[PDB]
Amino acid sequence: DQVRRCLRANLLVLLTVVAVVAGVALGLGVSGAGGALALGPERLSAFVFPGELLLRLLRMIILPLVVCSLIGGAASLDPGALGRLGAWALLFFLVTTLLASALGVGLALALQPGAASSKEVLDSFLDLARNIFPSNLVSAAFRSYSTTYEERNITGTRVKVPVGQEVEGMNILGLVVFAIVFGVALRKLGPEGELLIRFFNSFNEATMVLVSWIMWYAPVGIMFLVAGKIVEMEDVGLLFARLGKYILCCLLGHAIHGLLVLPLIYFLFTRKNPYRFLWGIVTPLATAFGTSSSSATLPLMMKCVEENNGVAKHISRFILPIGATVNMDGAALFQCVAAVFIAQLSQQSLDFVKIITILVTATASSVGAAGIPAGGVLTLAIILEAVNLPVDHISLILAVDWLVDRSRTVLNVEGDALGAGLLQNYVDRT
Amino acid sequence: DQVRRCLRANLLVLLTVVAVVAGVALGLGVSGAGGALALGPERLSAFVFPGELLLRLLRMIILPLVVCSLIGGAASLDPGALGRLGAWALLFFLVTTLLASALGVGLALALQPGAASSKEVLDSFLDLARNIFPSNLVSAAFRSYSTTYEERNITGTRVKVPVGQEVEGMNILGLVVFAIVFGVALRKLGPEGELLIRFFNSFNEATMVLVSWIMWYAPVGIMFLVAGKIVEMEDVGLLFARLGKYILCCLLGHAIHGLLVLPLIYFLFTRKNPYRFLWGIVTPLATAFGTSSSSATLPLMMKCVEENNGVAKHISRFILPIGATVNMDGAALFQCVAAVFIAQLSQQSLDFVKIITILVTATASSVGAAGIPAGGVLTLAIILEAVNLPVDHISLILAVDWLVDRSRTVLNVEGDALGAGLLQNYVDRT
Amino acid sequence: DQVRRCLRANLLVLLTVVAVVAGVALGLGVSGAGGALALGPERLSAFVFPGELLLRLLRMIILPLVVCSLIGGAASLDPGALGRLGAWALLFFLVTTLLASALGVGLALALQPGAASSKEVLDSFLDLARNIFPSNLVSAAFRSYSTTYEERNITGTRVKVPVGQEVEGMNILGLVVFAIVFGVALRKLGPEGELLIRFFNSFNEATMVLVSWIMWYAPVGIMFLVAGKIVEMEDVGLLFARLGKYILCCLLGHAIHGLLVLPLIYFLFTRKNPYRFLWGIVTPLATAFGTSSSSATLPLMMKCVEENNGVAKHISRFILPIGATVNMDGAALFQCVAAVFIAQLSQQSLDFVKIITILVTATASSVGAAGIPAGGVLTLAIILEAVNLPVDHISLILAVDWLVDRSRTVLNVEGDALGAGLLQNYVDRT
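Chains as they are written, first to last, in full-length UniProt numbering: chain A, 43 to 159, 177 to 489; chain L, 43 to 159, 177 to 489; chain R, 43 to 159, 177 to 489.
One should not assume that every hint holds.
Pairs involving identical chains hold if they fit within one copy or between any two copies, as the list cannot separate such chains.
As the list claims (entries may be wrong) - Calculated pairs, SDA-like style, for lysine to any residue (alpha carbon to alpha carbon, straight line, at most 20 Å): (1) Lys219 - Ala78; (2) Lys247 - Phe258; (3) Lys219 - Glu84; (4) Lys219 - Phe91.
Worth flagging that the hints you see were computed from the coordinates, not collected in a lab.
With the hints as constraints, model all of the structure from the sequences given.
Pasting the structure below:
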């Protein structure tokens, strides 16, 4: 009786969990021989080919997406005409998202999950500040700046001077900055520039449907990508231990954040115990753990914040609906652990500017992730292509995304709940 | 009395036939010395320079044209709300255009006209399936994917593994696929995405006027291109024999198609003799041979299909006006013989995926060719740039385009006439 | 009392003159040691880095600016429906701007200011005519055509044949030509193509505000650019002599033009003495020298042309407001002396086609310069990037721009004043 009411509703989720559980089985059926006994390199990158085609489609789409959604979502970003009473709420959201992402990078650099087994001088801050502001906007859709060294035989015979050249791989770091600045420009332009907001916001909605079609293709690509990814490692008992250490490190980041950082930020200004606040708001967190979505939590959260932890009733309907779309600390933890776990699963050595352009671009991507159908994974592929990491390891993270999701939902509501607790103590004392 | 009523009406056609007949004369006046006695290579590519400038202008225009006309013509492509009663007519049009193009490629590979006188493994189907879906959309306006080989000294000392890189020459194969998918996306988006259809369909009409100006320049370019093309061959009696074999092979393809393939497709389902149908519709084919245009045939064809070969009168006003713009089998023959005659006039060896991306891109270009002023030749330059063939041989084909046109018009009306004969036998039996 | 009425009004001009006068002081404070005693090349291009960031931002903006302002300003270019009675005025404006620019190039090639201290054959007119009409429009936003030579061992063993390749650096020469032709196309398209004029003219006004923000950043960049530019020369008493010879040559070009060329053009057709005309129009030129702006001159100029040098009263309100925005001979002198002074300040040897694409692109940029905030300097950076000159010397020209501006304003009003004197003698004789 439930063959056309349950399976038809979430057919894509059943299809991708069948494709993952038959992707590990196909990879084990190839690894029973191995990566070189069935067929060698002449057909190794022809068995894994739909798992390359999915990445071709995703890299095709993240060029219109991050430059047409940021223009339409920074031209519709209101200044303090929206209210300076909730601008401290936006500052709190940005600061706690940056602290969440920095805690994720720090914890998955300290615990080091996945690492079980060119020389560039420290002035590559210049190689990032030349990359924020690109030289032109058509040669910043496929290639970025990079400084290489040489010898000129001056002052003796050997000295290392840097020379600059634009090498391949697009810069999403310098194409979200132009998109943000152009969105602020179209907001400042007023009613003369509404045609551009309508054009760039009908172009973003004409790309989300392409994401819908690509995610409908994505079971086949994720099956062959998992199959090609657990064969190339030539080890199955080690990769599941690396995934277990990844889940342990990300759950530890969620627990450490939501039990010691946001309580400390609440205690530093309110100077009342935040655990009484959390004991008031158990049941919205208990249903956010339940349904694993921050949309069905918001009415019950906006209700239950009133009776126990009494607020002024005009900020809890103002910062809470913009606290479940803008403030997402759990997605910041997931992007900043699941993109320094891939950097220790392929040994890319994680230069000190890759930390900055994995931290600020996952702060600037947890505020607009939950509009995309597969939001948290395509917005991880964006920050993987922004630091030139291998995107092919996205399927070992999409395989264990449910264990992380069921405790990732609660941080996104805990953040703006403690923001509602914090912002009421800047108006009860003036 | 007819100096301002006849010459002013078709001045471009008189100008281009004067420029062709003075292009062969100028090429013969240079070949009286030859390609190296007047001036050598220091001024050989300075005498043929306007015939290079015309190709620069055409390659400039086929980037906005095939990506802004396909979006506007696939967003205005109606689904079966247009009618499933004539969706078998569209399937018939696509199948007979593919069969016409395959017959053209097969016949001009078998008879081999024009051939009178890098190693890549058979897995370059991967090099086309990586090219359908490009990696990004700004680096697919000038460069396409291509797999090259090397040696890695593994398993012995010598093995041939493929490595990938994006080499120059744009991919029109993977820029019509994104345009088609984006047009279907803008159709699905409904009334929120009408601004993009108006933008991309005012951008296509603001490029057709550039085609009008370039075709007004085109006499000078075609004169110097013919002059440079019959000098470089260093032979005049052989090139006219190759053009004669080209005209013979394309006329043989038209005759074989319109007398043995579409009759066979009609006989396989209706099982009545199609030559009685053609004996009913002699005179619309006889005036389509006359005026050499499928626009002045359509009222007389839509009339004469009724009285003799009686139809249900609601499909002959429905599939016939969409059978003279969409179904063009003669243009498919002309594109798929005149682009494997250039591949045997310059020895490009015609790899087995170039047959596929000369067959499906001339099936997908005979449905939108007759809106451009010089439609059948610019849409041949498109499929020449899609397979990296030399576009410079377009002027030996535009020189003999009248002998092919006067029997190319009749296939485009014979196709939908037999489609009207076929579709009436899927409703008289239900 | 004047701390919030004078300093708040022109804060950017005070900030940039403080940044220039503290840019020469910082450069002298580094040159007290020199370019290699404080820190060598490992930190020489890290002290001059904001003066590189300003050039990165300017090269980012001149790609949307010159292709979105020319479309919107050539689609709003009226044909002779504006009037053939003032089309000779537009021809006069174009001819005197070309003569002004040619006099500037000739005078700063003859006097040779700043010159105190690859082989390509003369057929690089082909390398410019292949660059006017680019091969495609996405690979003409960052790279242009360039012919290099080789040897093929034919006809002996050594001969020099040219081969072509697209090398880096965008072609603004071939991206204003497509923009002009597209603007004429959108004008011809009529009311079907008003959406594109509104899109490309709301995109140009959404880039002028980015020029406003970049010019607000520009004090820091111009301070560090002046500081890095007077250190690298390793000479301070010579660079100020080169700037003095630059000011002398440009003032000599202004004086020679406005006292011997436009008087000669007036005398060649009217055959009356133009110095009586100038003695009538002393005081509009005397206030144009005063306020240094051609906007506050136009009412007094349009008044004072009537009473003394009597005109037909319908051309002095028609060609004078389009003579203070379109005709700017002083800006043509400044662009065509200040871009062959940089070519003699860095020894780029000034090939005979760089004269043509520094002359016609500064004729085609003095007609739309006075809409940009820093118009005369960004429109100099455009023509410096169009000929691949070093843009880094823009700050030695922006430092002495006031001495040139106060006598550059008077040529832009003298031009259309003598045009009003000229055009009245093609209607008083018919």
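Results for each hint:
1. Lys219 - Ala78: between (42 Å within a copy, 15 Å between copies)
2. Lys247 - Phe258: The answer is both: 17 Å in one copy and 17 Å across copies each meet 20 Å.
3. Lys219 - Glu84: Close across copies (8 Å), not inside one copy (41 Å); limit 20 Å.
4. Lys219 - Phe91: Answer is between: at 18 Å across copies they meet the 20 Å cutoff, but 42 Å inside does not.
Violation of the numbered hints given earlier is absent; every hint is satisfied by the structure.
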